[PDB]
Amino acid sequence: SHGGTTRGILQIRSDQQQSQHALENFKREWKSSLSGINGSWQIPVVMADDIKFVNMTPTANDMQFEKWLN
Amino acid sequence: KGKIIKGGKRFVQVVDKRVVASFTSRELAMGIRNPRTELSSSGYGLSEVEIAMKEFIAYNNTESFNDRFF
Amino acid sequence: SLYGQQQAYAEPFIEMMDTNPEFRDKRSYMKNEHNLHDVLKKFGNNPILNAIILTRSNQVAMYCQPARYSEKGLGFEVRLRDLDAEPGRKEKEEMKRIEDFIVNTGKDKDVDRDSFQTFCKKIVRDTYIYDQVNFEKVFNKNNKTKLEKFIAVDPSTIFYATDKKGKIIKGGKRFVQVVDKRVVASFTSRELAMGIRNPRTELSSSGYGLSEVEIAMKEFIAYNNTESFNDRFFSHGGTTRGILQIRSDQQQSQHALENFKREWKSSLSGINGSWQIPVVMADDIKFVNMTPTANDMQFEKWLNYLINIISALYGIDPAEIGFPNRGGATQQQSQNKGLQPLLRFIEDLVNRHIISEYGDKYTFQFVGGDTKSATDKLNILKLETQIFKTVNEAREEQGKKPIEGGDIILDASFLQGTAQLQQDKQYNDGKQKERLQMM
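Chains as they are written, first to last, in the deposited numbering: chain A, 283 to 352; chain A', 213 to 282; chain B, 49 to 378, 395 to 503. A prime marks a further copy of an entry chain.
Chain A extracted, bound-state conformation:
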């Protein structure tokens, strides 16, 4: 019912922060190629200097404080 459900952040290093128009076109390409069941198994390609993915939540979530409730 509230936020905090993010899996992680995809960082892309660049000398300049890309203009928002470029990021919107990036999103358009990403959605057209990968979004949904359509193109689910495909792999994108990017030629940036360095890319990282930092995890904000664990691999698999589950209920917390179960024994406390019991």
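I should point out that these hints are in silico values taken from the structure, not numbers from a laboratory.
Take these hints with a grain of salt, some might be off.
Said to hold, decoys possible - Calculated cross-link-like contacts (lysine-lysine; reagent style DSBU-like; alpha-carbon spacing at most 35 angstroms):
hint, chain 1, residue 1, chain 2, residue 2
1, B, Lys-212, A', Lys-221
2, A, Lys-313, B, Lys-266
3, B, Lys-266, A', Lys-266
With chain A fixed as given, assemble chains A' and B onto it according to the hints.
Chains A' and B alone, transformed into the frame defined by chain A:
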């Protein structure tokens, strides 16, 4: 007046949105296994497929996701 | 026309334009393809499906012998319609003749013709692949009223005939055979049967049955390409273990590499020199792995799931075809749901199509292999008789005549009560002699 009829012909057959024939109560039976009292349904039964529609599409697209690897 | 004279419509009001006027085509569920049995014939060769077919055929083949010729009760039998009705020498002979006729599939023996065992083995395949079964009858030419022979015909070539208006016909010839899209012959309803195991009411199918192969088509192709994926590791490349890199300022000439290979093969190849260790004095050496330490089959649980659902569609236990049940056990109940409905379907078809030619008073049924149910029935009777039922009432109830001895209820106590009552009754009734003596 739009109200459902009791006397005489009560059930009607429709094909391609055209009325073809109609039947007396004795001439045609009507069995409802999962009845409901709310006015919205007007006596028509509730099918489990409608209840499980979301689950059915989820199963279908899960199977598609598994098969799309091959 | 499809079933008879009726007020409602049970056939498509508007005909399919691309179909030939002479008959109504059989089409897929979604109308995706107007030609279905052609693609089902492709899946007819699948091993899993063929394994199920062969297992069920072997199961049925045991039952396909007459009872009275078998030392044990397993087999089939013909009897009067009423179990309580008495038999007779004439009727017994007629039933024996009919049983022999069914066994030989004709009036007289002929080695060139199918025994009923092979007929059933054909029928199960046609029932489980196409969900449609047909067999031709051969009435006597000297007398149309009576029957001589009957044999099976492939269901793929048979269609429902239609009139000039395109509606399915009832009177006269109703079924038509088509080969290479050409009409060859047509048959009267009595002359050709039509068995549908999985019927449907929607106008789109127009009475044609729904085959499980069409439902499992996606699963079947998934199984096929999964097997191909597993086999392509061997039948195609990608079996390398790794690459042995040797760093050098210059790439060695191919002659040097060939001599290197010669030395390597002479020293290490084969069992000979298997345990030896070579020595190399290069700057740096690496071995990079392209495949894991040990290989094995992939997508195993996917295959188990697919075959489990395919088996569940046909009602067969996956354990019979060498797969694990994803739930339950990981046989009587599996048999009860799997085989018995098929036997009853064949029973009803054969009865209503063959025995109709001889008379209503007879019927055809299978027997045997159901001791436990009969045991429970006898146990019901054995418990009931202790308190409730007399011996003679039960004997009458099961189409038999009473035995002299009284309609006794079997309990050692109850007999003593009747005997004691009779003994004391005779004592009391004996006092009438004294009553008359005073007269």
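*asked:* Tell me the hint numbers this structure goes against, listed in increasing order.
replied: none
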